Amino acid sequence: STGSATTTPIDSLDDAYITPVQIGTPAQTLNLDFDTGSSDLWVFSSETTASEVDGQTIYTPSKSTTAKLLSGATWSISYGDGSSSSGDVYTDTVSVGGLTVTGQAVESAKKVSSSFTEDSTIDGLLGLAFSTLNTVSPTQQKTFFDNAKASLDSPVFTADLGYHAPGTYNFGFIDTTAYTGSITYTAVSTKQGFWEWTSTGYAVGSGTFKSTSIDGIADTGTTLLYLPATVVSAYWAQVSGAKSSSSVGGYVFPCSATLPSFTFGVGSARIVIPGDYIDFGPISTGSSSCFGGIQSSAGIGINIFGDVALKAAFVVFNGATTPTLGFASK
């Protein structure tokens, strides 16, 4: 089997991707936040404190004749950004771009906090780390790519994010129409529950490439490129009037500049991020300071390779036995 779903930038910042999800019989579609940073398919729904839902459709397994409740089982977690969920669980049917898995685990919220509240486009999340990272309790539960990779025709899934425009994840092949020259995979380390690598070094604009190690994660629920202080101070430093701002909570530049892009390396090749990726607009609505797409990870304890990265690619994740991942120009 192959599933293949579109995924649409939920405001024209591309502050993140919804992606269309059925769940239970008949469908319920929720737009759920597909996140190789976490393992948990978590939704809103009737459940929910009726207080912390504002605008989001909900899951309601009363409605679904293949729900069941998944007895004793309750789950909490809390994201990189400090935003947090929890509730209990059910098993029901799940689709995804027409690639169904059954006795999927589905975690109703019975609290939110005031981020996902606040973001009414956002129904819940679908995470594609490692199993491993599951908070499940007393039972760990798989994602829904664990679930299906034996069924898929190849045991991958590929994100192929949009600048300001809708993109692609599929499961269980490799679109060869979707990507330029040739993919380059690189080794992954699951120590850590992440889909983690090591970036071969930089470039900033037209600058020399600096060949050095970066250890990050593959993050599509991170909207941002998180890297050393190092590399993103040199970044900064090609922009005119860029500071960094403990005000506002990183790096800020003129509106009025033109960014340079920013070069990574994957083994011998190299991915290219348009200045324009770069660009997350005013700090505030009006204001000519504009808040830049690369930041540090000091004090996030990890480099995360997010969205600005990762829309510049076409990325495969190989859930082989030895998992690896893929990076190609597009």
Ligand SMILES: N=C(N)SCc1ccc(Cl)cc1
The other form holds:
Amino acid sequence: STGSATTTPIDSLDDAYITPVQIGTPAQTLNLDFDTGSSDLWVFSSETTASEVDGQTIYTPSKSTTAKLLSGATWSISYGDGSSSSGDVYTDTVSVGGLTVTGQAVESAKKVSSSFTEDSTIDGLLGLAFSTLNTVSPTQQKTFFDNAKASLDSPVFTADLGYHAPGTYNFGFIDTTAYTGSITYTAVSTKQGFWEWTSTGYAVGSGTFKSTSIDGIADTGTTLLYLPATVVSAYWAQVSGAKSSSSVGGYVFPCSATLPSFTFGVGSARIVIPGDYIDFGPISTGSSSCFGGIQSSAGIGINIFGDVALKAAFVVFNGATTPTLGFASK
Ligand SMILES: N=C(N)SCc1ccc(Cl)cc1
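Return one more block: the form solved in complex with 4-chlorobenzyl carbamimidothioate (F90), after the form deposited without 4-chlorobenzyl carbamimidothioate (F90) shown previously.
What follows is the entire complex, opening with the chain shown before.
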């Protein structure tokens, strides 16, 4: 089997991407944030505290003839921004782009934090990291990909995120028309539960490439590119007027600037992030100070190749017995 679904930015800044997902019988379609940095599939639901729902589409398990309460199971998760959610668990039929999994754990939110409430466009998350990170207790549950894998034509999924435009998540096949040149594959460590890999270096604009190992995660659920302070300082030093602002919480730059590109290495290959991809717009409405899309990972504890980086590539998440990651230009 295979599946193919369009993913769409939630706003004009590409702050996140949503992908329609069919849950239950008859289908209830929710728009979920596909997140290769976590491993829970959770949804706003009929059980979510009413004051914490503001415009989201909810899953109502009582209206699904295939829903079954997973007795005794609960879940609770936090995210990199400090947002969180928790609840109980059903199993139900879940389909993404024509690919169906029966008995998928669907984690129903009883509580969500304010940042989820405030985002009317995201009805929940669909985790695509390794199932070892799944938070269901007392019996850990498998991700959608992990459940689908044995049925797939090939044990892979691909992320093809758009810049200010829709893109695609494919399951079970590599669309050879979706990228240019060749796909360069690189080793993955699953030891921390993430798609963790090592970039071979970077360049700023038309500058020379610096060969240096940068260990980080391929994370579709993170908006920006978080890299070591040395690398980030080198980037922003090429933008007149750019500075790190403690009050704003990162690097900002004059909105009148033309940003340089940023290149990262994947083995001997190079992915070029155009400068425009690094502009996240005014820090507040009407401001001439703009927020940068490359930020320091110091204090996070890990480097994160988020959407800013991933959207510049066609990315293969290879879930073979020994997982790997593939990157191609597009
Ligand atoms: N994508 C997610 N759900 S969390 C990404 C993340 C952020 C920080 C650290 Cl330390 C690890 C992972």
